[PDB]
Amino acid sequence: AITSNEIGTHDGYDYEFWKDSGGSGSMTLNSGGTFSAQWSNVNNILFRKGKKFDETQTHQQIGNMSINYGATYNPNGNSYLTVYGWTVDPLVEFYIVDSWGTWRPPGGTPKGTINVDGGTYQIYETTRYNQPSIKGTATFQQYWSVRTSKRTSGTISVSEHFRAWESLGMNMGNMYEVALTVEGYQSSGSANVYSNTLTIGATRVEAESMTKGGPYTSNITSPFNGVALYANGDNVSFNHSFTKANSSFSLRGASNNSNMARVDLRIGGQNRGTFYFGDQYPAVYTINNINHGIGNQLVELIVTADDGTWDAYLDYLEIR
């Protein structure tokens, strides 16, 4: 295990153990973006796995960034579970915080909010005066998106936070780092980051992000994150701008049991086909060659053949 400061690359990912004086820590690196960590009686500690960059590109130039993660997170004291990193020129230290210990960061008055990844994050900006940094002691801005309640797994749409910050005038520099991170302050604890995939660079719409309609539509977590349509008239819908007139649609779903489940597709109020799922194991059903014509159009997925013998579970819809 790593028990003192160290920077390196492990299985494709840039890792770092960093602490100041006082107490101890231990970090074990596992496959891909994963790692586990332990600390006690620290002042400041950071464990992370992500990507470090060469400081010549903006986040736009590098491309879309998304982290998909899960962690077991048991801090004892002040701690964060967060995406963390830096820009340079200008020097900015930044956090997208999904969970924490005893204290929810960072103090001060929010500049804004963003609703993303199924949660709500309040946005903050502070100046740090004469503080340690990747470039030595310096004065720099610190930007934060902090979830309004705790979560320890899911998807963090890093680029979307970056754009929200910029839209509020929180200017960003060239990237130095983006990493899923475990931080402790004046604390002890442990964490097991069992899943951490950083993805850099067809539209997929998650069922659980669409508008719900009908009497019973509800979110589900098994056999995937998505929604259940239980009765006639249960639906989910969203608006989409079609740029061509002809598309393929792929729905990933399942029945709740071994009876076949069916979900009708409509575009601008008109019936365009049905998706079939023959049992409880997730699968993708694809409707090809749908002529619908151009512009903003309401996409709906709705149950119309329910008879009290099955429900339809929907994970996501892909449009090509």
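Only residues modelled in both forms are compared. Numbering follows the first chain given and starts at 1. Between two forms, the rigid core is the largest collection of C-alphas that superpose within 1.5 Å. First, how it differs from the form deposited in another entry.
- Of the residues checked (156, 182, 229, 178), the rigid-core alignment between these two forms shows a Cα shift of at least 2 Å for 229 alone.
- Fitting the two forms on the rigid core leaves the C-alpha of residue 96 displaced by under 2 angstroms between these two forms.
- After superposing the rigid core, the C-alpha of residue 238 moves by 2 Å or more between these two forms.
- Superposition on the rigid core between these two forms places the CA atom of residue 112 less than 2 Å from its counterpart.
- Under a 2 Å criterion for C-alpha shift, the lone consecutive stretch of 3+ residues that differs between these two forms after core superposition lies at 202-320.
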The other form holds:
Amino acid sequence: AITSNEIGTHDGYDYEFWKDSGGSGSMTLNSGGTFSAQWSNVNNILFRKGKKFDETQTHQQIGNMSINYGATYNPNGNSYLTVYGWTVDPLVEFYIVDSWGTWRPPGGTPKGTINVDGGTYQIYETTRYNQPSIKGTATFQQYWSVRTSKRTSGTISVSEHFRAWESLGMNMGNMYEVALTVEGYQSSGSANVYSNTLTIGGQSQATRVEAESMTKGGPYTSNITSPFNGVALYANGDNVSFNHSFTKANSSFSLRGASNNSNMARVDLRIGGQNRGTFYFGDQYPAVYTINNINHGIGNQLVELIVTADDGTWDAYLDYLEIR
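Moving from the form deposited in one PDB entry, what structure would you give for the form deposited in another entry?
Next up is only this chain, free of partner chains and other molecules.
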């Protein structure tokens, strides 16, 4: 078990144990986003699993965020069960609190409400003066959404809170972290986060682009009508390409194609000149090969479908490419 301040990556999730002096804590990391925690007589303790970012992109540039979770939550004293994180430039510590122990945070006057995820959240902005932060001892704003009533499972549509805060004038910087978190303050407690799944890029409109409508390049690329209307790529350098306006940062690419024969045909996906994966057509029979989870960023960028491993034993036939 973890009993001192630590950061790392555990089954794909960025985890952190943080406390100040006084009392004790214990964190056990389990699979996926899951973990349990226990604390006594602390000053301040945070246990969390989520994702850290490199401080270079807004939540809009990263994509949609949503957390689905469930927890057994047994605080004895002041405590939060919350999504938590930070932004920089400006430096902001933020919370989407679904449950709490003896006190409902954060005090003061609400700036707004949001009804989302079957619940209602009051929205607040506070100030922390000379307190611990990712940038050392500092003075920074806190942004909050706090459920009107307690729950300990469900889905938190993080990006919706973020938009609500920004629409009330609570400006967000480049992202540093989002994570499901158990906080304790001058308390004791235990929690078992038995479910916690953070999804980036989830659905908030497919585009289909016929191969024959794209630009041809290389020595032989040519149109075909069998086994479908499309194009054939016969030799290394044969490719079809088009510019596309990516309005979100992540996509799946689904290419309908086939080999001309029983040998396996390979077609590389390039975005802005960079190899992002290979589509495999094992057969002469039209099939839809999907390369999912490509993080390419928002922008107008060149999509290429290109053959590079031809040796004269197969050709690739392409019907269409769909981007979702």
